[PDB]
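Engineer: In case you want the letters, here they are:
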Amino acid sequence: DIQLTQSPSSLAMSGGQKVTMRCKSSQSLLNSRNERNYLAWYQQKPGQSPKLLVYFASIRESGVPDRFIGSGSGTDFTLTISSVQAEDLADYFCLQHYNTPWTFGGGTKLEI
Amino acid sequence: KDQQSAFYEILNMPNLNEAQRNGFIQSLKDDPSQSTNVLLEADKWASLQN
Amino acid sequence: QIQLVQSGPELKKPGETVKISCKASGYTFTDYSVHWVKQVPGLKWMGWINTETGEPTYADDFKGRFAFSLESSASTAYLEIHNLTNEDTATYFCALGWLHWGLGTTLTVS
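Heads up: the sequence lines are chains B, H and A, in that order.
So the number in PDB author numbering is just where the residue sits in the first sequence, counting from 1, plus 130.
So the number in PDB author numbering is just where the residue sits in the second sequence, counting from 1, plus 4.
According to PDB author numbering, the third sequence holds residues 3 to 43, 46 to 114 in order.
Heads up, some of the hints might be wrong.
Stated by the list, open to error - Pairs of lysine-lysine residues, derived as DSBU-like cross-links and limited to a Cα-Cα distance of at most 35 Å, are as follows:
(1) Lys181/B - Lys239/B
(2) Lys15/A - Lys239/B
(3) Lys15/A - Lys48/H
(4) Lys21/A - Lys48/A
(5) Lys181/B - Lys48/H
(6) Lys175/B - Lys48/A
(7) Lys33/H - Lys5/H
What the hints contain is simulated information worked out from the structure, not anything from laboratory work.
Modelling step: build the complete structure from the supplied sequences, incorporating the hints.
Structural biologist: Below, the structure is given as structure tokens:
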């Protein structure tokens with residue numbers, strides 16, 4: 131099985147500053163067929179379904195503000211919020227979909 | 005010479021929907037640009053394929 | 003627009019059986035798999053079901069009391085949990101792979 135170890139579980143924000151969260155996998159998520167890293171980042175607010183922010187490690191999903199920036203390859207991946215806003219107070223987690231046993235990151239709670 | 009590579013990859017996708025494959029190729033014919041965007045759609049849906 | 007809608011919330015007594023539905027629209031249902039995810043009030049992936057053939061593949065922790073099924077004529081996936089226990093109390097998501105997540109269904113066993 132592929133294990134996902136995220137960064138911290140909580141983060142204190144001061145409106146406008148940059149926040150970085152990290153996702154490390156036990157094995158590479160890079161597919162040799164299409165050269166894509168099979169990892170996606172999701173935002174989930176209380177009582178709501180997870181929303182896709184970044185897919186294929188570093189490709190921003192349509193409709194997502196450009197302040198959400200995913201990067202990394204192989205085993206080290208990061209999701210960056212250039213200027214954290216008030217509407218970004220939610221949980222964030224990574225997801226690997228390279229192998230059959232999909233695994234999720236621990237989750238990242240963004241609060242003030 | 006880069007667009008023809010995308011033509012090769014999309015045309016040789018193993019288990020792509022034939023109607024969706026014709027749409028990727030036809031989009032590569034109408035505008036030879038956006039070659040990375042159509043390959044991105046092909047890889048996106050192939051990763052979700054059964 | 004790709005959209006997934008699940009059944010309403012469920013209140014069940016231990017030992018009973020619950021069935022959760024997931025209606026889809028906006029894409030070719032039979033070409034892309036439907037996955038099930040369990041969220042305890046982290047996230048644990050339950051498994052997926054082949055939309056074309058109907059063959060389900062379950063995770064190791066979901067091989068006993070769980071069953072995936074389809075009704076292709078209505079583009080609806082099903083999740084059946086038998087012999088409900090207290091740990092089954094969670095929110096269950098149907099997801100079009102990694103792309104789009106369902107709205108979720110809260111199950112409470114008491």
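Engineer: Is it true that the CA of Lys181/B sits at most 35 Å from the CA of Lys239/B?
Structural biologist: holds (15 Å)
Engineer: Compare the distance between the alpha carbons of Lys33/H and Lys5/H with 35 Å, and conclude whether the hinted pair is satisfied.
Structural biologist: Holds, at roughly 14 Å.
Engineer: Given the hinted pair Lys175/B and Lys48/A, is their alpha-carbon gap at most 35 Å?
Structural biologist: Distance of about 18 Å is within 35 Å: holds.
Engineer: Is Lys181/B within 35 Å of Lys48/H, Cα to Cα?
Structural biologist: OK: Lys181/B and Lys48/H at ~17 Å, within 35 Å.
Engineer: Against the 35 Å threshold, does the CA-CA distance of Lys21/A and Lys48/A hold or violate the hint?
Structural biologist: Holds, at roughly 19 Å.
Engineer: Quick one, are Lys15/A and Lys239/B close enough, alpha carbons at most 35 Å?
Structural biologist: holds (32 Å)
Engineer: Check whether the Cα positions of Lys15/A and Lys48/H lie no farther apart than 35 Å.
Structural biologist: violated (42 Å)
Hint 3 from the list above is the single one not met by this structure.
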